[PDB]
Each structure stands twice: as C-alpha cells, then as structure tokens.
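Protein chains: 2
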Amino acid sequence: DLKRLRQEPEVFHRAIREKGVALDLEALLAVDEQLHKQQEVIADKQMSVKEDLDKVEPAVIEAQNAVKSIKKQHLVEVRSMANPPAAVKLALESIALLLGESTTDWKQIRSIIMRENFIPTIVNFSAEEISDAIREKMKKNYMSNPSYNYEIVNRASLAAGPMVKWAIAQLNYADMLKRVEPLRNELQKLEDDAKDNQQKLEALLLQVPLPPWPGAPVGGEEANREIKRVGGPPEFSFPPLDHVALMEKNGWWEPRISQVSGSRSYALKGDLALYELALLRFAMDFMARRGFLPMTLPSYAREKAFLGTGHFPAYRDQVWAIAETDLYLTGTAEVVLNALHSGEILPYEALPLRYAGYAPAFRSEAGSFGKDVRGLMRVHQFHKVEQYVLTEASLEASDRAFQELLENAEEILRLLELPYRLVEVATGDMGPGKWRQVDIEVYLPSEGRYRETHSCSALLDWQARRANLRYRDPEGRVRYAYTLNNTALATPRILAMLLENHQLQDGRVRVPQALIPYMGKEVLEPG
Amino acid sequence: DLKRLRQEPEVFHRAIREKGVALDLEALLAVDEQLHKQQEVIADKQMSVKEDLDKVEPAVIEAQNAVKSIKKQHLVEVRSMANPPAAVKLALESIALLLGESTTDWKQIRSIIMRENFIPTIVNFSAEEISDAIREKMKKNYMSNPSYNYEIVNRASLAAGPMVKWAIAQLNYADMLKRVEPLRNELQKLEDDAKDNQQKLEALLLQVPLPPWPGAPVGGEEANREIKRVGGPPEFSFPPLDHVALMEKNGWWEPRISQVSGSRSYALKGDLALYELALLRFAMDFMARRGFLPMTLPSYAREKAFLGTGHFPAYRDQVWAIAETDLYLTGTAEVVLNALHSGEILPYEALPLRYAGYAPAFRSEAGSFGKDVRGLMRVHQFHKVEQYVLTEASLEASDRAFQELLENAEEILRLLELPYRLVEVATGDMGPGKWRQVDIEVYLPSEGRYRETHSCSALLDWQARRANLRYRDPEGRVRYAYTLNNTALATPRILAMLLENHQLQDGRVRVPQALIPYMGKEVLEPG
Ligand SMILES: Nc1ncnc2c1ncn2[C@@H]1O[C@H](COP(=O)(O)O)[C@@H](O)[C@H]1O
Ligand SMILES: Nc1ncnc2c1ncn2[C@@H]1O[C@H](COP(=O)(O)O)[C@@H](O)[C@H]1O
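Heads up: the sequence lines are chains A and B, in that order.
So the first sequence is residues 3 to 34, 3260 to 3427, 94 to 420, counted in the deposited numbering.
So the second sequence is residues 3 to 34, 3260 to 3427, 94 to 420, counted in the deposited numbering.
Quick caveat, the hints were computed from the structure, so don't treat them as lab data.
Check the hints yourself; a few may be wrong.
Heads up, the list lumps identical chains together, so a pair's fine if it works in one copy or across two of them.
Cut-off 25 angstroms, straight-line C-alpha distance, at most; resulting in silico cross-link-like pairs (SDA-like, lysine to any residue) [what the hints assert, rightly or not]:
hint, residue 1, residue 2
1, 142, 240
2, 142, 241
3, 142, 238
4, 3366, 3269
5, 3392, 238
6, 414, 169
7, 3392, 263
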C-alpha cells in the first residue's frame, strides 16, 4: 500500500530487516515518484501531437465529402475532354500522381475518375501512405503552380475543383505527419521508459513483506524453536528398518520407476498403494466432519494465481512450467483455492470460507541437491489435502482459524498414532507474506529426528491484496480479507513416518485404528 | 523387423491401407538398404585409418617406455658432464625442439634437461602438440644429420639414445596424423550422413503398423460394430437435467476454475468431490480382488516411455511437456506401466503381469476444440485407474487376457449400475499398433447417445518391440512379450454418466449399491 508505506517508514524497514528481505524502500518510492513525472510529461506531449493532427483532419473530411458529392454530369464533362484546360489537367494529374498511377497519359487518367472504385479508393486513402518522393513531386510540379488552386480550378470545372481540394488536404495532412514524427518517435521512447518503470515498480511492490507477529522468533532458520511435543521416539526391542528397507522387504515399491521417470520419483505397489489412497480419503472425510468444504482441483493454474499467493515471483524456481502453454503445475492446492474468488466482493455472512482442497502436487526440487535423496521424503509429484481459510479482517478471527487449522493437523496425527512436535518459525524463515508460521514435524527413526509434515501459516491481508480478495463488512465498506492455510495430510512423506513408527518385529507394518475401516485389516500384507 | 518385414512386403502393405495409415514402405526399405552401404563405406575408411595409426603407435609406446626406463644415473652422467660429444648435443637439442623450447646452448639444454619435470614431460608429451614448423625443422635439421642415430648415439650416452628413438617415433606419428588428416575428415561427414539415416529410418519404423486380427470390421469408424448391450437407456417420469445442471443445482462444482486455470478444467465440491475419490478407490479395490497388482504412479516420464507404447510419435501432440526438462506428462498410466520393464528379460514364471495402476492424467486435447468444451467430458487433467497386462507371446494368452480385461471393465459398469454397450473397432479406426480394439460406451441421456468410457486393446508384440519388453520361455529362448491394456475407471467423465443416469425427481443423485459402503450413504447430499 503506497500511501501506507510513506506514513510508515519505520515499521516497513523493521519488517524488511526482520525477514532478511533486501528491499530498498526509498528507491521504490523514488521509482513511484519518477514514474508519476514521466506520465504527466507523456500526457502533455501526447496532447501536443493530438492538437497537430486535429488541425489537418477536418480538411480531409471536408474534401472527401466534396469529391463524393460531385454529380455524374460533371465527372462526364471531364471524361469528355481529349483536350483539357490547363488548370483542369493539372488537377487530374495530381490525383493520378497521388493514387500511385504509373501513367501520365491524359486519356489514361481521365478514366479512373469514373472507376467504380475511384471514390472507394479515395475514401480509403491514407495520407500516411504517401511517399516523400510523391510528396516532393507534388510540391515541385503542382503546389508551386499559380493555377493549381481551388479558386482557379473550381471556376473551370466543379469536378476538378473538389479534387484539387482533396489533394491539397492530403498533402497538408502528409506534411503534418512529417512534422509530428520526431515528437512521435520521442513519445515512443518515453512511453517505453514508462512501461519499464511500471514493471520495475510493480516488481518492487511484490517484494514488500508483511510485518511479522510480535511473538515470532527474530532471525533465520537457526532461530526456529520447538514449542510443544506430543508422544515420543518409538523404542523397538528389535532392530528397526528404515522405510525404504521396509518397502523392499515387503514388495511395496517399484524401484524401476527411476528409469522410466528419472530421480525423485516413486511408485507404490500392493497394500502400500492402497494405503496411500486410503490416507487421502481418510484426511478428506476428517476435514469434512470438521466443517471444511471438500474439493478436488486441477494441479495447474495461470501465472496470476501464483502471483496472488506469493509463490511468484519469489519461489518461481520451485515450479514446473507446462511448455508451449501459459500454465504452471501447482505445488499446493492453495494456489487454486486462493485464486477462486479473485475480483469478487464476498458477502460478510459467507465468512469464513473453509476449504479442504485435494490436488496432485508438483515441485521442481531445483536447488534440493543432496537433500533426502532416497525414498519418500522429497519427490517431484505427490498428493496433498490442504486446509485453506479466508476470514474477515480481524486478528481475533485469524487467531481463531490459525488455532483450528493447527488442532486439525494434530488430531489427524493423533488418529494416525504418530509422535510429533510444533516449531515456531522465525521471521527470517517464515517467508515475506507471513504473520505467523508453525510447522508440525513427525519423528523419523531412520534419521533420528523430527521431519516437517505440516506448515500452518496466517498471512493477514497480504495474499488478499495481491489476489484482490475482498469482502463487505457489517458497516457496509469493502475491505481485503485475511487468509490462512495449513496441510491436512500429504503422501507419500507421511508414509515414511508410518512405515518406520508402526513397523512390527517380523518386518510387517501395523495400520493405525482410525485407518482400519479404510484398509479392511490391521496389518499391511507382505505382498 | 527388417528381414521379417521384407519377407512379407504384402502383409505390411495390407496393414497400411487397412489402418488408413500414411507410410511409404518402399522409401523406408530404400533408406535401410542405402544405410547399410554408408555403414560399410564407413567401416572400411575407419579401418584404413587404424592401420595407418598402427604403424606409428607401437613405436611411440616402446620409446615412451624406453625413456621411462632410463636408469637414474645416466641422468647425472649427461647432466653433470661439462663438454659432451656433438651427437649427444644434437640428440638433446632435438628434444628441446620437440617440447617447444628450441635452443643451441648446451647450457640451456644443460639447464632444461635438469628440471625435475624433464622426464615426466617427454613421457607425457603428445605428437599432436608438434607443429608444422617443428616437423619441417626436425627433418631438415635433424633427420638429415648422420649422427642423429639411435645406435650412433645410444653408444655415447645411454640416456640420450632412447630420447632419439622417442623423438623419431614422435615425428613419424605427427607425420601420420597429418596425412590421415583428410582421411579422418571424410569420416566425420560420412558418419553424420549415416546418423541422419538412422534417424530418418527409425523415424519410419515407428510408423509401421500391426496387422489387425482377422475378425475386426474393415474400413473407417462407420464400420465399427455394436457387439453387445447391457442395461437400457433410462426413462424418467420427470424432465432429466444434464450433468452440468445437476452439479449446478446441488452446489457441486466451481465454474470459477476456468478463470484461474483456463478452459477444459474442472473443480468438484462437497459430496461430489468425495464421490470422485470414492470411485477411484472402488475401482482399485475391485482390480485387486481380480488379482491385478494395485499401484500408484507418477504422471510424467521421459520420451522413451512414450516411444515404447506408441504415444510418440503418432500422438505427440496430445501430450504436455514440462518446460526445461526432459519430461512429459502422461495421458494414461499405461505409459509408466509399459516402460517399467524395458530392458529386462522377464522370467517365464512371472507371467502374466497384471497391473492396476492409478495416476492423474493429462492431455493437451490438441485438435479437439469445439467438442466437449463445457462439462466433465473432455478436461485437461483427470484421474484414471488403468489395466495393463504383459503376457507370453501366445495368441492363447493374449485372447484370455483380453476377455478378462473386457469383463473387468464390464463388471465395474454393471456394479456402477450404468447402461453400456460394447463396440468392435474397425481396422481403419483401431490405431496403428492394435490387434483388436473393443470400446465400451455408456449411455448419456442429455446427449441421447453412448459415449466412450473404456478402450480395451491387444497389441501382440507391437509395444514389446518398441519398448524392448522380453521374457525367457520354458525352452529358455528370449522372445518379445505381448501387451494389452484397458481402462478400469476414469473420472470425471464417468461422473457425468452417473449424475444423469442416477438423478432423482427432486433433483438429487442416488449412489449405486456398490458405492454405498464407500459413501456412507445412499443419496448424494447437496451443499
Ligand atoms: N517434494 C515433496 N515430497 C513429498 N512431500 C512433500 C514435498 N514437499 C512438501 N511435502 C509435504 O507437503 C507439506 C507442506 O509443504 P509446504 O507447502 O512446502 O509447507 C510438507 O510438510 C510435506 O508434508
Ligand atoms: N480428456 C478427457 N477427459 C475426461 N475423461 C477422459 C479424457 N480422455 C479420456 N478419458 C477417459 O478415459 C477413457 C479411455 O481413454 P484412453 O486411455 O485414451 O483409451 C475414455 O473413454 C474416457 O473415460
């Protein structure tokens, strides 16, 4: 918000430092000021060109109607002459010259006058299409002749009089075009400087961070801090396998996929494949019982919807584009969900919107080299159910929906019988649009640590302003809404945690009580 | 198969007209035969060049081993000598010349020959480094001298003797490289023209079609035959709504999705969203119970997978590529499933492989615009459970696999309580690599007609050959397998037939008996 950025210089400097955003806020505002000055100059100069061309247009329209109104009997007593009066012959020659005729034969040119297409070509005629050669030939041969004149020619023919009128108006228009050209070329550069400034500004603006909540740790990722843990590291009395080894022992995965599809791919087999789909539906039912509206969505969107969530331009490199298309595969259903209502004024009574959106998800994982190289932790395409909340503009509403979103993910993990913890994310690790982020993490025995499975975020109105999400308040004004989101459940990474936490001594794997109705059994069969 | 193919220039020629396919079989053969010539022309010339580098290679190695094998005291002897003999001066001189530091100062030579790096760099020197002037000079100056002789100088110094063998060897080699110059130069082109034809040739082999089975109707689409019908077109005592209007009545879809994601997109809400996931699980459970192996799969693959099935290049234009990647989004799990075993020799006892793979599916829908533009009939991204079978090269095995593929699809529609019919696909309409194709279509009341939902195909060893799929038979011979496939269930298109066939008077939609246990209810609830 420009005006808000000025009246508040400190708040935004602090926000920018806190988030580790390199944003020069004065250079931004100086782009805005410079643009504004460029636009006013462009407008004065456009006016100057417009005045010039407005000078010569009426004579063209007057002559054009005069030629059209020449009677037929008059076109005939010009076509009749073998032997034209000199001032009359001058007139026709100039018309033939201008029309691009390639013959100065009088007989030949006295003819086009009664062409079915003559007037039609005269009307359609454009003075911008006159060459400088014809232009200079017109001044040398004809303007410079004392008889080449409406007054003088019109006395001799009321057919040639109009035509000399028309030819002169065109020449004058043509000479005005010529005059106006250097201002027009200039205006062209200014106009392009200005467009370039508008894109330079719009892209600074899209970097402005939300001020973070006062309770968030201040620093980079190393300032993230655990606030809670529920359950613990399992203890096995046998020597536990990691998830890859479990899937091998049991025939639950298809390693051959990396030859078909490249690295960071996975393909599940037998009871584990069925388990993945059981998990997505369990999570959708769960979210539906919770009063969130179930949705199934495409995994692609246009640029505008990545712009509105903040995925573009900041995290552009995490996104796969679809070539020879304007479409990009989405990493999360939040991009589609956030975009559904752009441009609408929601009635306050609809508030809040609570969506549980399922979509396949795609990530380039560019820049993940050496991270999670094996198994189910980090893959290119995977399946997620997302919680998305749109809310009226209060901290109270937003604090409330953030609590619910977090309890939902926790209750899901309790039902999955997995040990987890909550982590408060630092201002420098939160991302630019965030008020608060809390990550939920599940204990993964093979790495001896917790690994994220959920990220819960409140944004306030920072997505709302970018995606133009607005609502009407009880008072009758339109305001931008607040938004939040959190994962409900994503596979196959949660499968890593489930395999390792619920592995039994004989290498088989238990199903948690809440998943038994979905699976038809209490133990995954060693296919 | 080149030989086999030519062996029956009539069989392939008939397959080509039968399938309505454009492939000039004569040109392809001409290229293959012509390619065989370029390949000999290249075998020969490559040989003529090894022979020439074979005269000069062994002598350079021996000499390289001779200098490597100079005792370390013949080193002090020559490099501590104050005035040597003129033949040794000459010898060491030649070597300073070859290494690009030519001088006639014994001192400098003295100097150089002493460098720790002296030996290491002659043993590592390559005749390619020797220039024109050096060759010239080493001939005019040093080959010409009569004291420039190994034996003549291997007598005065045991250290400089091997040095002149190395210098002579390196000079003959440099000379060989020089005449082999224009020789090795012709190769580069011949070989590019050779690769060109591999490309043009294998490009055309990929156009070769399979002869259709003898009981497939001949001709175009107009010759497809209805072979069976089950259930009937519904009759309602009310005015039936079309699926888009039923979805609209019940609040089950989000039409805003086309502003976010473009045309041919869809987003389900509420009970219909849930129904979509329930259908996919239902189809998977059913396939498992039929003894097919359930799998969940990615939706992208490298080019090879598409080549292997026949999607490339025949239908490359229905496919979405992923920008700045070597990957493409697959329109059916069949592309991943068929590529899984590329390159393997499957053991006989693994056969047949029966896979029920689930993946999101993507199509560009290029060509088809002004058809099924509104609703769930033709969307860019959808969900599909696919049946895929890989079998022994046996008509017996393929025919049984095809009937079970067909019956699987038929019992799924019956269970879904949907009126359907089966259509025997004609030669001109089955696709290039098909043996048999039976389409199954479901009655859509709003449109007054059956609309395809499944295409059951047998391809014999068409895909095997393209994807290198093979098995070892009981006698222990490696043979290509036969492949088959058919859809199990695809959404959302199946939902358009469900809404409409299943719709009640009051506007709501009934859940067929088989899906009641998946939905927890008998009628779909509106928003
Ligand atoms: N490449 C990936 N592979 C598998 N799961 C992932 C991947 N990226 C993210 N996830 C999961 O999706 C959740 C939300 O991710 P994000 O939207 O990055 O917070 C994470 O906590 C993980 O559950
Ligand atoms: N663009 C699409 N939208 C919805 N369903 C589709 C689409 N393309 C194919 N299908 C479904 O998949 C079935 C078989 O597809 P195929 O694998 O192309 O033989 C069709 O008969 C439809 O049920």
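Hints, one by one, checked against the model:
1. 142 / 240: Classified as between: cross-chain Cα gap 20 angstroms, same-chain 55 angstroms, threshold 25 angstroms.
2. 142 / 241: This pair counts as between: shortest inter-copy Cα distance 23 angstroms, intra-copy 55 angstroms.
3. 142 / 238: Answer is between: at 22 angstroms across copies they meet the 25 angstroms cutoff, but 55 angstroms inside does not.
4. 3366 / 3269: neither (34 angstroms within a copy, 73 angstroms between copies)
5. 3392 / 238: neither (54 angstroms within a copy, 90 angstroms between copies)
6. 414 / 169: Both: 15 angstroms inside a copy, 23 angstroms across copies.
7. 3392 / 263: neither (81 angstroms within a copy, 52 angstroms between copies)
The structure shown violates the earlier hints numbered 4, 5 and 7.
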